[PDB]
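What follows is a single chain, given as structure tokens, in the form solved without the named molecule.
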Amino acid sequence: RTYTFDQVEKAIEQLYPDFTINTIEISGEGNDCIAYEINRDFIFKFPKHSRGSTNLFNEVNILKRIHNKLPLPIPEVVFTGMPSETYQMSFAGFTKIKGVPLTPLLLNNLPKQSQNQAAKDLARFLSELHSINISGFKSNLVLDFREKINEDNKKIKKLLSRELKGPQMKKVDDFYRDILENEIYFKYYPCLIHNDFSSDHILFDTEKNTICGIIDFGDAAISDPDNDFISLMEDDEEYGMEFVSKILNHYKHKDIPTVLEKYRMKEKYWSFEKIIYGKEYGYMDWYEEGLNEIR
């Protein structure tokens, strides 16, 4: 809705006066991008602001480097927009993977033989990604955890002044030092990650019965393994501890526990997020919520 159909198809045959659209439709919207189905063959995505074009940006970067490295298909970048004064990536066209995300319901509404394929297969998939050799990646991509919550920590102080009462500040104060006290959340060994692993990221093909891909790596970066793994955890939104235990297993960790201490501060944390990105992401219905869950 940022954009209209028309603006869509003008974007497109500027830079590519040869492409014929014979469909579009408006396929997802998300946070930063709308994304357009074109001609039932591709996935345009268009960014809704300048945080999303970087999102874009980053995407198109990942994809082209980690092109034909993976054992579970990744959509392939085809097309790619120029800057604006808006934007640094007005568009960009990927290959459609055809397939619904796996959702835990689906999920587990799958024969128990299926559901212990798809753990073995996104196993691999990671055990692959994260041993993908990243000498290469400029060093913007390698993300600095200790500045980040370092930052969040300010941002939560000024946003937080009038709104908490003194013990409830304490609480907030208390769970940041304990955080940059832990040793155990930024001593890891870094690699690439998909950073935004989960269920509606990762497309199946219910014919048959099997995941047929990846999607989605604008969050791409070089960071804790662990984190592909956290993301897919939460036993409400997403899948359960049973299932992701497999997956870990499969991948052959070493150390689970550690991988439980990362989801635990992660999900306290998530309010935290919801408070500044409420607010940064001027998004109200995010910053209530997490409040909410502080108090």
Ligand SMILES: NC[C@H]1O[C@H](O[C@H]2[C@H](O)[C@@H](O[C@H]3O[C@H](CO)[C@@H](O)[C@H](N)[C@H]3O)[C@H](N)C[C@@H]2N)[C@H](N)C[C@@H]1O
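Take the two forms, find the largest set of C-alpha atoms that superpose within 1.5 Å, and that set is the rigid core. Positions refer to the first chain, counted from 1. What changes on going to the form solved in complex with the named molecule:
- Comparing C-alpha positions between the two forms after a rigid core fit, one residue in 112, 158, 208, 177 moves 2 angstroms or more. It is 158.
- Residue 280 shows a C-alpha shift of 2 Å or greater between the two forms [criterion: core-superposed Cα displacement of 2 Å].
- After superposing the rigid core, the C-alpha of residue 167 moves by 2 Å or more between the two forms.
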Given for the second form:
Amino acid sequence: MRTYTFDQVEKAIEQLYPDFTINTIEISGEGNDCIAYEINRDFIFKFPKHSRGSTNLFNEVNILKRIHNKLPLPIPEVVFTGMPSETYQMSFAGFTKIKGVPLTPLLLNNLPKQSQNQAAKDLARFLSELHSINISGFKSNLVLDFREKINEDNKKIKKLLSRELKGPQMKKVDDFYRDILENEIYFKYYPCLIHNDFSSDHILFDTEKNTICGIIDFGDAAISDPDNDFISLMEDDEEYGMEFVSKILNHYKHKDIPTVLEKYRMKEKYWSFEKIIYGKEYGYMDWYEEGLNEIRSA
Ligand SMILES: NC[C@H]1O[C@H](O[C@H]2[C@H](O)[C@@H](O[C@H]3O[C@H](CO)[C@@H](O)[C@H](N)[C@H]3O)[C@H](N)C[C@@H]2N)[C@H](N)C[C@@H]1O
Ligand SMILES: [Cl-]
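Having seen the form solved without the named molecule, could you now give me the structure of the form solved in complex with the named molecule?
Shown next: the complete complex, the earlier chain at its head.
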């Protein structure tokens, strides 16, 4: 977990962009992978906090260059790039700022119905076009096969928790994985390009027009199940809930809604294990401790 000063930020940019004068700078945001700085109040510069987050950022830059004029909404436009080292695949990236605020569930629910419905329509169109992008050209590395992922997660959890769980608890963990892996519905899909972190904090909104004006944070994008981009919005607490996503599904012409509901339900059940595994890979020990404690009360 690297941190940066404004000076280190400026120096790093100046080396590669000497003719770009920096007038203003301040932290605009911070995620699990990068800190973001607002330079000149007209450009968002992401710096990785660790190597994994830099690989994320490298992925983001590379996907955005392939899809930059293929979508019905604005997306982050890469303007500045950093360099690789032995530690980071990309030392930083600078993007054009997209004005707007996140379309939070609270904001969405306070909109006139007609504007809510237009938001579901515009999200559907964006997903339908995104999931229809021809991926024949793309890197095969981007393919995230869900059956391989779940099998690998089972092995990681065994590896992580072998000495933390009593034998009968570990058997029950093994049962859970074995059960998930015998259900074909989770692993039979037609892979396409997916945003893969398609949640409300990555949907920007223009409160003057009451319309969606951007989709951001493509660092998790990959070629996997397109249903991923609906289930990320179905959570009642931090996301839009079932009523609204069912509007999105209807505009998208989804043919198998009860499968999306089944995938959401399993994902919800899977969260304790995602916290254990993501906790360790992204070095968040509280995520890891909380999931481990959920499992001991399974
Ligand atoms: N905070 C508690 C919630 O955390 C997760 O969702 C949240 C995800 O954690 C958020 O995603 C973030 O965390 C995930 C890992 O969970 C990373 O893969 C992703 N790059 C990062 O942006 C995502 N963008 C929003 C979503 N509601 C759980 N899926 C649901 C849980 O209620
Ligand atoms: Cl319509």
